[PDB]
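Before any questions on how it binds or moves, here is one chain, the form deposited in one PDB entry, in structure tokens.
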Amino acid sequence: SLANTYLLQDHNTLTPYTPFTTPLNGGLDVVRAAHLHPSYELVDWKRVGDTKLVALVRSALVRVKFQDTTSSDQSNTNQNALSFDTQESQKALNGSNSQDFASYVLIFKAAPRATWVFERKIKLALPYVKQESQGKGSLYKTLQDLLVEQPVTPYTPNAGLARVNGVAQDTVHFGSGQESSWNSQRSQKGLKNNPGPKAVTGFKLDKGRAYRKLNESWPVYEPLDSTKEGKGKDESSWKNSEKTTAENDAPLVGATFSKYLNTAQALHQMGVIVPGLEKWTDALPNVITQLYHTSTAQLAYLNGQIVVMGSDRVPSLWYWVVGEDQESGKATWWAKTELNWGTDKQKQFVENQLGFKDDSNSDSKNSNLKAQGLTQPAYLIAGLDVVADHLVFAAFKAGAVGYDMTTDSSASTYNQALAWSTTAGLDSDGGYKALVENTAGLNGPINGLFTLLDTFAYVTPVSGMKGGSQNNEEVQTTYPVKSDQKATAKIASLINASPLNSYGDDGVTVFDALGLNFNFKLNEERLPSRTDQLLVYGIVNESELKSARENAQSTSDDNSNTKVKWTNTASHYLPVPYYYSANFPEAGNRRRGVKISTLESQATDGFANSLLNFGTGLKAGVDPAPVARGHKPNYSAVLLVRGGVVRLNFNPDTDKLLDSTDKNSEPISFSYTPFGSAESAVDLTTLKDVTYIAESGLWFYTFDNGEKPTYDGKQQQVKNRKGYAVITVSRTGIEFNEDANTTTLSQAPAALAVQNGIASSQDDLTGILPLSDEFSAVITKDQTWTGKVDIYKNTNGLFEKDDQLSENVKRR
């Protein structure tokens, strides 16, 4: 209809466009209309029905503090350790009312002449964590020792991710010089039939990319090679000397860049508060402040409830479930949200690598998440959407491992993180379930280089119940802590700003990230990792969401260790395409080794690395095609990852994940289809919009080149920050209840991503208007007052410019 309007964003303004391609009015300035400070920036917004508009706003002036010490042994005992630093926020203002500059969810009501009236704002309060005095699991204790990696920027090179390998597990349990007694004593050490004495226990934290505490700050600088430069977790060495070294080597615009990169503009673009680079040398604000600012990134509205989640480029430790009626709402911790990983074994894999837990240990400095009875703490959120009165989400599991707190300089695992490869053994039984439930690396390391005669492999040739001479015994695995040190061990928690648990500069980590581990069977099957490059997805109902709100609103008391249970979720191993790397290795050759530092990236999808996977643009959609009599209409959610499109399938009759009877069959709820060279050329970090067209059942992914950082790591102006590209996602394969007898599905219904024909490298995009099923308008800026309008003909998701109408709509 002509009376219909399309809402388009321009920074803080949402302008209504008519099907004549012209704006109806000056648009709604979300920040000005909500009576908010100029520092507020519109992050996300959703039109709800026809009379509602929900917006998400954040300010670069927000300051967060974590109270670590926990003085006396009484006090208020019910005060949150997490609070907004009003004094620092006022300090930052200096470069008229006192405010914390907290993020808000804004509610607007429709008004005549296609206008919006401000209704109310809901404050996104910090999650709750009780300040102790006690120095029953403690999240407070974990947060005191928690280390978070500096965010991975699009300019982070492969060698920058590479960390020197940790100590072998034979050295850990037998000590230097006594490693030779492995075969005879492994049995009495909880390592019966373990064939990997040389399996790496983790990665060195003395050098490389910064790991910082909640109240510490990440540097703007990052090393080119983490095996050679950087100070890792060593904040003192950075502050005292290495800061000035990086400052001289990598200065900001206004100087060889031989050791470090200045990624200031890349961080600002990721939603990291970089003072002096905001719209309206100084160290960046706290890790805790950066985590708050980045966590208020994406929203969804579901029957009076608003859900807010973090960004896809920085890990988030919490999420919001707030009432529309409420004035404010505290966040729910991800560590207190137990998800279904597919199998109980799959949960065990993630949770066992979180840290060390033993009945004999009760040391307060062994503060890791596992010891505190907490679950997976962080996620790299691909997005969230609502469909059939349910919330659908997808995220990559951020790497969360343990680290040794020891002061003993000569200790085996001193100054190192404890992480290992969890790839299923070469001898795993067939089928999806047998592979994911394979015991290889369940409790500790096992994988490494195994030289079978003159053919190598980076995975164990024996696992599960295929050990011993008779191949019937258990191949045991145990945590990398020496038996005598179990009672006195001090393992804390560490969060990686990527889907990787281990950064160990070795072949096994390369094989695990690139999905290069395959069994030596004619029916060749890819061996899955149960900790690296893990995509987490699911459907969540109102009662599951209500539990998350209730868990957030609980103040210390007796529900401090109570967990939220989302059972209709799953996890899937989703590595980066190996072909994104120029020199990808292959197991089974003739010796001819490729580690992280020697891996060469040939990726053109907006990342200097070819190691870490990334997920963006989750959008749900109800299939327009008719289904069989007595069955609900099908719905799926799609998202873009490095190398292809992933489709998530659900059962509409139960509002659960799409499942089948057979366990040998791959899950029909998950599908990954690799996209072509043309779509691999698209910068996935520049996604500006995702739209689903109900009538056609097609998703449209809009990419804006203006979303790129202004300067690269070597402080050079970024090439092609002009233009746009559009990808169309369509359904493929047999659908659920497609016909009368379609009961169970053998194959997972897939998606297909293609560059549709709407592309340019010379103009700034205002937006795209779906004028009809057959036509679409592409609004552009250059200096154009009315905005340059291009008309395209829609041929089932494929587009071709109409020169006749494009000129006609242009010419004055």
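The term rigid core refers to the maximal set of C-alpha atoms that superpose within 1.5 Å between the two forms. Positions refer to the first chain, counted from 1. First, how it differs from the form deposited in another entry.
- For the listed set 716, 74, 602, 240, the sole C-alpha moving 2 Å or more between these two forms on a rigid core superposition is that of 74.
- The rigid-core alignment places the CA of residue 796 2 Å or more apart between these two forms.
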Second form
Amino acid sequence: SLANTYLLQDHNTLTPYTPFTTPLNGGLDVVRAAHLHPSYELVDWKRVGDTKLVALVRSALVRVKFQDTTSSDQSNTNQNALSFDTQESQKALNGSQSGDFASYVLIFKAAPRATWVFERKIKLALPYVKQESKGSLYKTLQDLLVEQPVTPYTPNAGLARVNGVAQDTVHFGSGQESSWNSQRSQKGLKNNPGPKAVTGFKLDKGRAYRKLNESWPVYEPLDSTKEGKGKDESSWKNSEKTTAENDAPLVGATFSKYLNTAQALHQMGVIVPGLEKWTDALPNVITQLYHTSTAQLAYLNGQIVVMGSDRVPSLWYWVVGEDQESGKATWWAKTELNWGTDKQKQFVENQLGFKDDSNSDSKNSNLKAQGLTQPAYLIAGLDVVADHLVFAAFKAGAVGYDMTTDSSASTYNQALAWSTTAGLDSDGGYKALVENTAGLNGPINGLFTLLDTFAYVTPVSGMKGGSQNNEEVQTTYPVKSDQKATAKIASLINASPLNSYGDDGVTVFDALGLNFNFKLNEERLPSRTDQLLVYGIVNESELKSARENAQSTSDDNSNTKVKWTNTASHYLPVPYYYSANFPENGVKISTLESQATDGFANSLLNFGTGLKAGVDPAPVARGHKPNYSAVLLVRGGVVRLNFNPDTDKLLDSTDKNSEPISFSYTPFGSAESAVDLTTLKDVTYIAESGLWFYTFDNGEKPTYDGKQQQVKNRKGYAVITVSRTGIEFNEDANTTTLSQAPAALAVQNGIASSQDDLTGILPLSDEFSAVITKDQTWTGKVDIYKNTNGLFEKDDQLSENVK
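The structure above corresponds to the form deposited in one PDB entry; please give the structure of the form deposited in another entry next.
All you get below is the one chain by itself.
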């Protein structure tokens, strides 16, 4: 309708367009309208109702700090260890000219014409954590290790971290490993067929792992097996920093040992000084986490949610009241989510670190010892529907590591992570497979050779062990029985959905989804830690609980969790055909080549981007509430998340063996596989047509690659139409329970170019859509496109008519 206006974004300016493909005025520069500093950048905005506009702004000059050790009581009050450092904010100002810089949620109100009047601003404060002089999350943060982010130029070998020591040498030792079977019963590994099963990966070499107050380096290794220092900050700081500088320099030099990804970091949410719109080192890891934890938002009946970036893991999220001026963040570490079953929740928790009633060490800082759940997630997106919030995220790999000073220790300088893929002898049906004991508490998977046919998963699992096939197949944490009280396992977090980075085919099969059973009814065996997708519907009362958790000043509720019961996990691997060696001795991570075109140099790690909810316009049954489902885009396919509208819960069936109806993955075609997932600038859903539109701006690609060469195909656009498929819930009268999950379908409709810069796209009608282009002076090249079922092509007559 002529009366309705479409809002298009250009940096900070929100220009309102008419269905005549013309602006109604210059637009609204949110930064200036909110009376904020020029360093502020607009990242996410949501049009609320008709008389409201909510936005998300973040300054690159923001500087955060975590105060660790050297303190006493008597004078120290209820102060937060996480606080804004104004000292470095005024120091970082030196860029061009001037004449806490915290993120803000902005509220606007509609005035006559296409104008907005500034109403109020809500401060997005740091999450609360009690300082020191089993209720202490502070210890975890004191000894926390976070990996440098994954760039679209990071190759497969860059993630490949050298395999650790087997659990037979951990519990027994070097020289007496041959007594595995004869003594595994009393050690807690009864019928365990995995002696040479790798416990994790070594941390002495590879991609840098930096603490909260330490900083991520711009240079990353091509092959983490040969080059890189990993956790060793002092080894980098003293000689390897200069090694990476001379070999990998910025444009202003062989590139054989390291890669310069400064441009790639900036185009993710990472603050890179000297490379901004308006050598040295990048800001604190805790500061980068804050700058990346403010990328997405949603508004519900007076509540504003804020979540992290889809490329950088977020350790917290905001839930702030409209009336509130401030509002501290809620941790994911204190947010208990339903993983589908009680066993599915266990797998991830029982890898976060070491926990036993024997240990009570100050250096035993791991989440499990501090009684905390999964702390990080790569938020694919969020949305609101039927007075309820809906989210989807790729669970970031949070594991443990040995902080021992004893170099002779087998687990010394290594992170503990094992393959959690269900055994080959596991019972059929989703529930029976996801609940399988295979690596619940410790390693079990690895290379098992059956005559001449090798298998990367355990052939003996559950309770089918022993002789009579009744004996339990035991599994336990890779820490020696007598070393349990003195154990100092801390917490480590990865920048990908992988728990394990160990250079082996077992971790390759978890990432690519190649673990199957030898049954005629071939079922794909699931990982319960690697390539995991979390999704769920959260209500206003569950949301309020997250706010109250953040607003708490330690006191008694320093351990208390946020209960989100309507959530579930799902094993979502990358396609195998995305990797060159498996097309449509063996191989490991480093030996895996990439043939991936979706704007990723790695054919190993998965990426979930741009989630959007939507109410199916289809006529519903006599009484029943209108059906709704949320859709997101992953590597190699479209995934639809279904929900029950009559109860505002996750859609579940009568039979537990049958795969969940709440989850559905539809793999997409050849044309849509050439689409870069990182270039997504907008996700629009049309209520009247029931179609999703994924608008990819080529300009969202960085300036230079890892080898500091100008990025090609930066000019252009590509659109993906996502439509519903299959039988829906309450499609007719007799439709009660569903056996097959209602899915979606991704197709590159026809709205695509590689020669023009995109201003945006206007959905004029169900039949016609417009394409506004940039580049030259003024900007306003309009192109009218027509469709049928979804096939798009430009109407030469109407395009020439507007122009």
